[PDB]
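> Residue strings, one per chain:
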Amino acid sequence: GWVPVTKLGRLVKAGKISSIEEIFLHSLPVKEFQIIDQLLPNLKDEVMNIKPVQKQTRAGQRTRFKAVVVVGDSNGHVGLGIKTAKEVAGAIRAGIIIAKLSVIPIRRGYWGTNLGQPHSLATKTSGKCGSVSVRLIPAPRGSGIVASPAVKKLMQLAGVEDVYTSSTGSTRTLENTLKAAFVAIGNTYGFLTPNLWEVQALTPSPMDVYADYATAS
Amino acid sequence: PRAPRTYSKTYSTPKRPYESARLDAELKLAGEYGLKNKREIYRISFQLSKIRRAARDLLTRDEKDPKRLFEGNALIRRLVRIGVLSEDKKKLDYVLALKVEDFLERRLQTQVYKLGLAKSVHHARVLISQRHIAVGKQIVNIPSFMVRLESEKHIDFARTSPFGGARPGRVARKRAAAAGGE
Amino acid sequence: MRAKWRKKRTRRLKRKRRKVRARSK
Amino acid sequence: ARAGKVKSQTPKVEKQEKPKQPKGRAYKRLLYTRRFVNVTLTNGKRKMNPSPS
Amino acid sequence: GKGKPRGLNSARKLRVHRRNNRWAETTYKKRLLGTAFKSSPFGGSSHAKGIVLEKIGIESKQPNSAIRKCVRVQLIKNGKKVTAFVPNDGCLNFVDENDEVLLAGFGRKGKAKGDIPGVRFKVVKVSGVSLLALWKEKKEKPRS
Amino acid sequence: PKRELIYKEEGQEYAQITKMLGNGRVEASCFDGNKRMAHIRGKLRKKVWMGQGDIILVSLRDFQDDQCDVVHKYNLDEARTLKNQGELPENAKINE
RNA sequence: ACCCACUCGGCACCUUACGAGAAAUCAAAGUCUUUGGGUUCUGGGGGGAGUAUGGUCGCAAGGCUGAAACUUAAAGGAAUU
RNA sequence: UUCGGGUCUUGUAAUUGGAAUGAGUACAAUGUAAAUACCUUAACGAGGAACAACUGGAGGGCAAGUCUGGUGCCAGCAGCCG
Ligand SMILES: [Mg+2]
Ligand SMILES: [Mg+2]
Ligand SMILES: [Mg+2]
Ligand SMILES: [Mg+2]
Ligand SMILES: [Mg+2]
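Protein chains in written order, with the entry's author numbering: chain C, 39 to 255; chain J, 2 to 183; chain h, 1 to 25; chain e, 9 to 61; chain X, 2 to 145; chain i, 22 to 117.
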């Protein structure tokens, strides 16, 4: 079973968008889950941690399960889903879905000089969530992922080979750390390099081209 | 009080004990090339790490200029000689990459199993320990010998010892002696 | 325990100590 | 006795007569065989030391 | 700009400020004052021999309950009466009375360990045989 | 329904509660002769509750004499039975 | 004297945050991992203790300065149920 | 159509075989200032009981046990949490 709500979903089903790069170009909302699955079949999805989370009542307590889910490949798209449901497997599934919806690109770059294929980041760039500042820093070839476990896993999922990290603040709250890392990754595609002064065309969106095939009959 | 003899604690631990995946990987590596101790893998990594450090030092200083050009070149030469680095790759950035897997697959440990001789890495190790296998006519009993590419074409069985035609072999000899009396 | 009260008690103790010292002298 | 009862109360069971767990490279080899070659039966998440059931 | 003169001929003020600040860090203070030599029973040493004056079962701290089988030990070098805990399954059956006993720290950079109140040291080498060895019978006591 | 008493072994000795110091430490008088500073064992802080003076079993330590451990509590009936037996001199009284 | 439009200077306040911040909140607590305008001073887990001692300045009460020994895995904040 | 041959490859079992050894001892020889030890090497050296690997762990941190016996807030553990 598939069945699309939203124009974009319909478009994807018709098979007129080839890869998510185009989607990213026009910053399109991807509220429908299946789209990412369709476009990226290469999705390696990892569970991080499932801390029980409590809520107090007149009798007993509510034990929900907050599960941090990463999603990725080696291409430079990463997901991060956080979900809090009562059933643990169900929660994990939901988290996966969320991560798939989220999935974001990375400007993988060069350590120093071009040589062959980018497996680092462009710029020393950081996030901060709650009070956890993950900085990441373009490490040179082969110098590996230099990160705390969670962050390291995230980097692996991304398809970064080489990264220094300065994770600061209370990184022991894993969720927050992960969020910060994700934010930092998102930021990559924001720092205007001089490789970016060059003027673009501004394409008419898939929404404004394949307009007739979109929307319900 | 003549001088101090300069040691080097060379072969160096990782900064955490048990990250499961790391352990698993190292175990796998050991299995692949038959290494008595984690130390061997660690040794290799440390050596590679040294090289990487050197490369990093070179790189930051602008190439076209002296030390980077010269020292870097020398390093490159050395790496090609050990056989670890490939002739495709003479750019220093390539050096910066690499793996433990490149170095382990160039010891006299495996250069036996690649050239046949024993077949099975553990068997090869055993052979090397037991004074079979010379690199030249100079006999080797160092599993992590690192074969220098241009002298790889010379890993043959020893001029002494069985398997390479010298004597029955101290158990075979015994058996022969036993047979003799009958 | 109130901090002010604690301070007061400390002061009293100090005074007592001073008195003792004076006596000794 | 208060001073170390559970050591001087518990029955003595000897170490069994065992074949030698082959040391050096051999043990590493064995471990490799166990973990990445022969492979303990697949269920989802693997177990290094399973309790018999 | 916050505190510190981001100045340039500023440096003496910075250095002095750092010096003044440092004293609030405990370890540095201890190193400098020389708390190691004036106090904390051992002479800032790792191990010290002492003499088993009297065996005392110290009644443990809260949640936990038991008696903790320690020894009031008079150290030789300083002459200080400590209480050194003794590890494992009794082993006072090894310690006895009026014996020479080598003590260690506990792992807590001085201070108190786990749940034993007013206790700082493990015993290791009793009479010169080490408690572990005695207990596991890998080596045995020199008669009396 | 009624409970049954557990007799002493060796070292473990009957005694009387004299005064309440606090914390779980009670100065108990042993009928051997000497007064002792006794500790209320973990099982007894739970349910066992004393008064001004009751009859007890106390494990006397192998290395310390002046400090010991209250193992067991005796009721009025139990005390009377003990008296009848002849383990204790006739002076133990129970009144609240 | 009001009134309307300004305008400096102030005492504040109301919205938004596009920034902060742990949060409560804040036009500053902003322009801080994309960290660097100039400068003082103060803090380094909680107790012990603003104690003891020594200086000092007090007619005294006291103040300014101000320890350590010990001792404990929390003591704290700001929110939520 | 119910198999199967195990044709192609894998491990495991006190089983059972032939091959390697240096650690040992050690003729000489070197080595040495004499001599030890190494480096060469005659002869003698391996059949799980031998020519025998520990140390620490297996609630979590952190790899590894909701195994099998005893103890039962006791013993005792535990760098913290326990
Ligand atoms: Mg302080
Ligand atoms: Mg063991
Ligand atoms: Mg143990
Ligand atoms: Mg065990
Ligand atoms: Mg584990």
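Take the hints with a grain of salt, since some may be wrong.
[As the list claims (entries may be wrong)] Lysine to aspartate or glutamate pairs mimicking EDC-like chemistry, simulated, CA-CA at most 16 Å apart:
#1 e:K55 - J:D25
#2 e:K13 - X:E101
#3 X:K137 - e:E25
#4 X:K14 - X:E55
#5 J:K39 - J:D58
[What the hints assert, rightly or not] If you anchor each label on the Cβ, the simulated ranges turn out as follows:
#6 C:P67 - J:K65: 46 to 52 Å
#7 J:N38 - e:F44: 39 to 45 Å
#8 i:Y28 - J:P18: 51 to 57 Å
#9 e:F44 - X:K31: 35 to 41 Å
#10 e:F44 - C:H64: 41 to 47 Å
#11 C:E59 - J:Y8: 53 to 59 Å
#12 h:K16 - X:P143: 54 to 60 Å
#13 i:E108 - h:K16: 51 to 57 Å
#14 C:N87 - i:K67: 35 to 41 Å
#15 C:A97 - X:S131: 27 to 33 Å
#16 C:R131 - J:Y8: 41 to 47 Å
Since the hints were made in silico from the structure, they are not lab data. For every residue, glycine included, the Cβ atom is placed at its ideal position computed from N, Cα and C.
> Look at each hint and say if it fits the structure.
Evaluation of the provided hints:
As the CA atoms of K55 (chain e) and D25 (chain J) are separated by approximately 13 Å, the hinted pair is consistent with the 16 Å bound. For the suggested pair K13 (chain e) and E101 (chain X), the alpha carbons sit about 25 Å apart, so the restraint of at most 16 Å is broken. At roughly 20 Å between alpha-carbon atoms, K137 (chain X) and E25 (chain e) are farther apart than 16 Å, so this suggested pair is violated. A distance of roughly 56 Å separates the Cα atoms of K14 (chain X) and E55 (chain X); the hinted pair therefore is violated under the 16 Å criterion.
Distance restraint check for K39 (chain J) and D58 (chain J): the Cα-Cα separation of roughly 28 Å exceeds the 16 Å cut-off, and the hinted pair is therefore not satisfied. Remark: the range hint 46 to 52 Å for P67 (chain C) to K65 (chain J) is upheld by a beta-carbon distance near 50 Å. In this structure, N38 (chain J) and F44 (chain e) break the distance hint of 39 to 45 Å, their C-beta atoms being roughly 18 Å apart. At about 54 Å, the beta-carbon gap between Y28 (chain i) and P18 (chain J) stays in the expected band of 51 to 57 Å.
The supplied range of 35 to 41 Å is broken by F44 (chain e) and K31 (chain X), whose beta-carbon atoms lie about 50 Å from each other. Look at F44 (chain e) against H64 (chain C): about 46 Å separates their beta carbons, and that is inside 41 to 47 Å. For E59 (chain C) paired with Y8 (chain J), a C-beta distance near 56 Å keeps the hint of 53 to 59 Å intact. The given range of 54 to 60 Å is respected by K16 (chain h) and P143 (chain X), whose C-beta atoms sit roughly 58 Å from each other.
Under the hint 51 to 57 Å, the C-beta atoms of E108 (chain i) and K16 (chain h), about 54 Å apart, fit the expected range. A beta carbon spacing of about 38 Å between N87 (chain C) and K67 (chain i) agrees with the range 35 to 41 Å that was offered as a hint. Against the hinted window of 27 to 33 Å, the Cβ-Cβ separation of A97 (chain C) and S131 (chain X) comes to about 56 Å, which falls outside the hint. Between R131 (chain C) and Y8 (chain J) the beta carbons are some 57 Å apart, a value that contradicts the proposed interval 41 to 47 Å.
Hints 2, 3, 4, 5, 7, 9, 15, 16 from the earlier list are contradicted by this structure; the remaining hints agree with it.
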